[PDB]
Amino acid sequence: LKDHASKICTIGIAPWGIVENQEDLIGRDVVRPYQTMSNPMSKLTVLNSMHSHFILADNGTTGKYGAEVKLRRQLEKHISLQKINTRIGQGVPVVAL
Amino acid sequence: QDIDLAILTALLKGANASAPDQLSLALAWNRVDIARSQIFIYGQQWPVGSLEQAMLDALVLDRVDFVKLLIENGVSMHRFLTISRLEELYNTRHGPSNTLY
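If you read the sequences in order, they're chains B and C. Sequence positions in the first sequence follow the entry's author numbering and run 202 to 208, 213 to 302. Residues in the second sequence are numbered from 403 upward in steps of one, following the entry's author numbering.
Hints are computed from structural coordinates only; laboratory data are not their basis. Each hint should be verified, as a subset may be incorrect.
[Said to hold, decoys possible] Some chain C residues near chain B, calculated using beta-carbon distances under 8 angstroms: (1) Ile443; (2) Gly445; (3) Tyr503.
Heads up, the beta-carbon is just placed ideally off N, CA and C, and yes, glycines get one too.
Please build the complete structure, drawing on both the sequences and the hints.
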């Protein structure tokens, strides 16, 4: 999307405990300045900055990766169950790249 | 494949200093590749004030190729230019000459 270089929704499933400097982003609709630097070797790892939409499912586990897979299936499922307004391909299709 | 790279990388790691110490060598050497990796490391410490100061040095040395990298670092030109900072750009004697005096 950097090679796009133009004008774009990108949704993103992860947990919040896995986000680098989670304490940087505490604040509700608040514009916390996330400087796009991480540690060279860190447990919690930075969400890619120019991706936009995020989920960040804080299940009470700080760090622990793998708390978004079932929720990914849930979102993907009911959007495919959501009737697309085109109604020519039934529900909005999903492509498993 | 570039002993050029390896000499200056071992002269940086061998400098072993903070990044605003480093930039003032690598802008002087004009090597854009090595300040982009061995000084713009993913997590290299960038203390405030001296990145502003070396952005002031990057403008006056005509290092326009490092100017755009310091934009990608995030030196916003709104916050960077104070009244006295642009006054320092007008009152400097480095780089090329001009007819302004």
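The hints, checked one at a time:
Hint status for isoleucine 443 of chain C relative to chain B: holds, with the closest Cβ pair at about 7 angstroms, below 8 angstroms. With a least beta-carbon distance of about 4 angstroms to chain B, the hint placing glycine 445 of chain C at the interface is held under the 8 angstroms criterion. The beta carbon of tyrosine 503 of chain C comes no nearer than 41 angstroms to any beta carbon in chain B, farther than 8 angstroms, and the hint placing it at the interface is violated.
Hint compliance for this structure: hint 3 is the single one not met.
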